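Using the sequences provided together with the hints, build the complete structure.
Single-letter residue listing:
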Amino acid sequence: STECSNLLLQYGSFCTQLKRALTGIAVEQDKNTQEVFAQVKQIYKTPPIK
Amino acid sequence: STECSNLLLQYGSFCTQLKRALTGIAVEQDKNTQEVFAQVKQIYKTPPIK
Amino acid sequence: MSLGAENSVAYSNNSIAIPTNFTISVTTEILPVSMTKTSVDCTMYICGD
Amino acid sequence: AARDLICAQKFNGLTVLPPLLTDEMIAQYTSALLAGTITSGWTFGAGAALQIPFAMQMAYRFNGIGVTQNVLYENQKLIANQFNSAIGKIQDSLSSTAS
Amino acid sequence: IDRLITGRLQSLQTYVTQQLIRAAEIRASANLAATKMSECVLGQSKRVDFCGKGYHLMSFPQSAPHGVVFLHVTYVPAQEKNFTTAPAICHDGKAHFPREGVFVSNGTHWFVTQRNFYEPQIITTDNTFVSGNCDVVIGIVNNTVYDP
Amino acid sequence: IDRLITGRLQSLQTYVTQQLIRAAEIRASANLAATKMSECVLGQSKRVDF
Ligand SMILES: *[C@@H]1O[C@H](CO)[C@@H](O[C@@H]2O[C@H](CO)[C@@H](O)[C@H](O)[C@H]2NC(C)=O)[C@H](O)[C@H]1NC(C)=O
Ligand SMILES: *[C@@H]1O[C@H](CO)[C@@H](O[C@@H]2O[C@H](CO)[C@@H](O)[C@H](O)[C@H]2NC(C)=O)[C@H](O)[C@H]1NC(C)=O
Ligand SMILES: *[C@@H]1O[C@H](CO)[C@@H](O)[C@H](O)[C@H]1NC(C)=O
Ligand SMILES: *[C@@H]1O[C@H](CO)[C@@H](O)[C@H](O)[C@H]1NC(C)=O
Ligand SMILES: *[C@@H]1O[C@H](CO)[C@@H](O)[C@H](O)[C@H]1NC(C)=O
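Residue numbers (PDB author numbering), protein chains in the order written: chain W, 746 to 795; chain G, 746 to 795; chain A, 697 to 745; chain S, 845 to 943; chain D, 993 to 1140; chain C, 993 to 1042.
Keep in mind that the hints are not guaranteed to be accurate.
[Stated by the list, open to error] Each computed DSS-like pair below joins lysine-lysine, with the alpha-carbon atoms no more than 25 Å apart:
#1 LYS1028(C) x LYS1073(D)
#2 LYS921(S) x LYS795(W)
#3 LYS776(G) x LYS764(G)
#4 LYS776(G) x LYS786(G)
#5 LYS921(S) x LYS933(S)
#6 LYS1045(D) x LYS1086(D)
#7 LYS795(W) x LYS776(W)
#8 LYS776(W) x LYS1038(C)
#9 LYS786(W) x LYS1028(C)
#10 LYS1086(D) x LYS921(S)
#11 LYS1073(D) x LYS1038(C)
#12 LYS1038(C) x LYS1028(C)
#13 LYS776(W) x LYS786(W)
#14 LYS1028(C) x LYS1086(D)
#15 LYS776(W) x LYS1028(D)
#16 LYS1086(D) x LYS1038(C)
#17 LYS1038(D) x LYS1028(D)
[Claimed, not checked] So these bits of chain D aren't anywhere near chain C, every CB distance computed over 12 Å:
#18 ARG1000
#19 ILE1013
#20 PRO1090
#21 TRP1102
#22 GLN1113
#23 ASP1127
[Stated by the list, open to error] Using C-beta positions, here's what the derived DEER-type ranges look like:
#24 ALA845(S) x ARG1000(D): 46 to 52 Å
#25 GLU773(W) x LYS1038(D): 41 to 47 Å
#26 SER1055(D) x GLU773(W): 26 to 32 Å
If you're looking for bench data, these hints aren't it; they were derived computationally from the structure. Just so you know, even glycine gets a beta-carbon here, dropped at the ideal spot from N, CA and C.
Structure follows, in structure tokens:
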């Protein structure tokens, strides 16, 4: 709705900082997974003898 | 007050998520005390000689 | 994306590998400790005299 | 007719972004860590991976905890059977209990 | 004025809440930095991948704006060689295990050496001890042991 | 429209704050898991009950 957007533009920059917070959380999740699992520099494998 | 309750009902589900947050904190405190102190499986006692 | 180079160590039940030399390596780690301290007055900010 | 919760969540303006690393890449990383731990001991976490027999690695671990390695080398089959039974027990406990 | 007061109060409360969360994160990083100063710099750490990558030797602090910088000195093995190994040495019906080291062989002769560096030595009774006989250990080999 | 805008803005701000606190807790757990992968899997730990 255009009238709701025009009234919402009066409230400042709350949407931008909410988007910034959610973007920081979303980047931080990938950083967490990368710093937990990607600890080895090479992809090793087991020889076929067991 | 019945009028205040009827007007407060229109605001949605703030009361339930506030109660959920406080209940989570209350469970977390007992979990903290259990994981700090209850590290031993049996109640050892000192011999009467000191 | 590529996770890394493929490697296959030559495992055997009577084979070992022992280093014969070394390198001394210096690395760098950076950690934040403190941030900038702030103080806000309500009457000057909201109202302004 | 049966509308999903995810359909309403997407339609009302809320979007869930996919993760950067898929589960196949996570399984590949875990497989690389397991292969390095099994075939090289602790040497792959401090430089290049160095091969060693697994019994001698286990003797190194026992010397680490304070037990002489002749305890392993004279009780190797018993320790292997105990480890295999423990892995079977943790599989059974994971399959049975859902909590 | 009441409209403006409500809006500016909401903005200030949002700023204070974000500052509290960032202060908690900064305090967690400062506690990690204090632990690293106590363990990397003031001593030697046996924890793997704490105090840098490799075998930790020394660390040095360096100052920085709003933080600290650690220079971790570590020991990294460089050039390895393939060898043939064995868990024990059978000599005169006795099983000889190394005291602190590992049995290796250059193809013909057997030597005992330390694990993190190749410094081979003659297998004597000073660096090996006796436990049991030769028909229990899997992978035992036949060799002589020098007696001084 | 202004009343509805204020209500939905309050709901979205509450959601973002709760997600930020949950992200801090998840990041603490991920740092613990990264330390456990560095010390348990990649070596041998002398710390008791670690
Ligand atoms: C161990 O590695 C060092 C380098 O880390 C080697 O030292 C180098 O040796 C080459 C070959 O003579 C010289 O050209 C370089 O100038 C040396 N670098 C120095 C002294 O910093 C050393 O030779 C290696 N040891 C071996 C292979 O036994
Ligand atoms: C393994 O190492 C031993 C000891 O270093 C080597 O034995 C010596 O080899 C030199 C080289 O010809 C001879 O001059 C010595 O007389 C040998 N000593 C003895 C006691 O026999 C041995 O040759 C090495 N083996 C290989 C395959 O390199
Ligand atoms: C040791 O390895 C070789 C080749 O991989 C194999 O033939 C032999 O059976 C192994 N030893 C034992 C006791 O299984
Ligand atoms: C050891 O042997 C393997 C297979 O025989 C070979 O690939 C490797 O290059 C050799 N050398 C070292 C230093 O690992
Ligand atoms: C080692 O010596 C004993 C007795 O001399 C013999 O029975 C045994 O077969 C030898 N080991 C090997 C691998 O030949």
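| said: With the threshold set at 25 Å, check whether the alpha-carbon distance from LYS921(S) to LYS795(W) stays at or below it. | reply: Given that 25 Å is the threshold and the Cα spacing comes to 16 Å, the pair holds.
| field | Non-interface claim for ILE1013(D), where every Cβ of chain C lies beyond 12 Å | value | violated (6 Å)
| field | Agreement of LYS786(W) and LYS1028(C) with the hint, judged by alpha carbon distance not exceeding 25 Å | value | holds (18 Å)
| request: For the pair we were handed, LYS1086(D) and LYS1038(C), check the Cα-Cα distance against 25 Å. | output: violated (33 Å)
| field | Restraint check for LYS776(W) with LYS786(W), where alpha carbons must lie at most 25 Å apart | value | holds (17 Å)
| Beyond 12 Å from each Cβ of chain C, as asserted for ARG1000(D) | For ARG1000(D), whose nearest Cβ neighbour in chain C is about 15 Å away, the distance exceeds 12 Å, so it holds.
| said: Against the 25 Å threshold, does the CA-CA distance of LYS1045(D) and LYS1086(D) hold or violate the hint? | reply: Between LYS1045(D) and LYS1086(D) the Cα gap is close to 41 Å, so the pair fails against 25 Å, i.e. violated.
| Agreement of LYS1038(C) and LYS1028(C) with the hint, judged by alpha carbon distance not exceeding 25 Å | holds (13 Å)
| query | Once the closest CB in chain C is found, is it more than 12 Å from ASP1127(D)? | reply | holds (31 Å)
| For the pair supplied as a hint, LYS1028(C) and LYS1073(D), is the alpha-carbon distance within the 25 Å limit? | violated (31 Å)
| Supplied distance hint 46 to 52 Å, evaluated on CB atoms of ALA845(S) and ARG1000(D) | Taking Cβ atoms as reference, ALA845(S) and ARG1000(D) lie about 49 Å apart, which means the hint holds.
| Going straight from one Cα to the other, do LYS1038(D) and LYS1028(D) come out at no more than 25 Å? | Answer holds: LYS1038(D) to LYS1028(D) is near 13 Å, not above 25 Å.
Checked against the numbered hints above, the structure breaks hints 1, 6, 7, 8, 11, 14, 16, 19, 25 and satisfies the rest.
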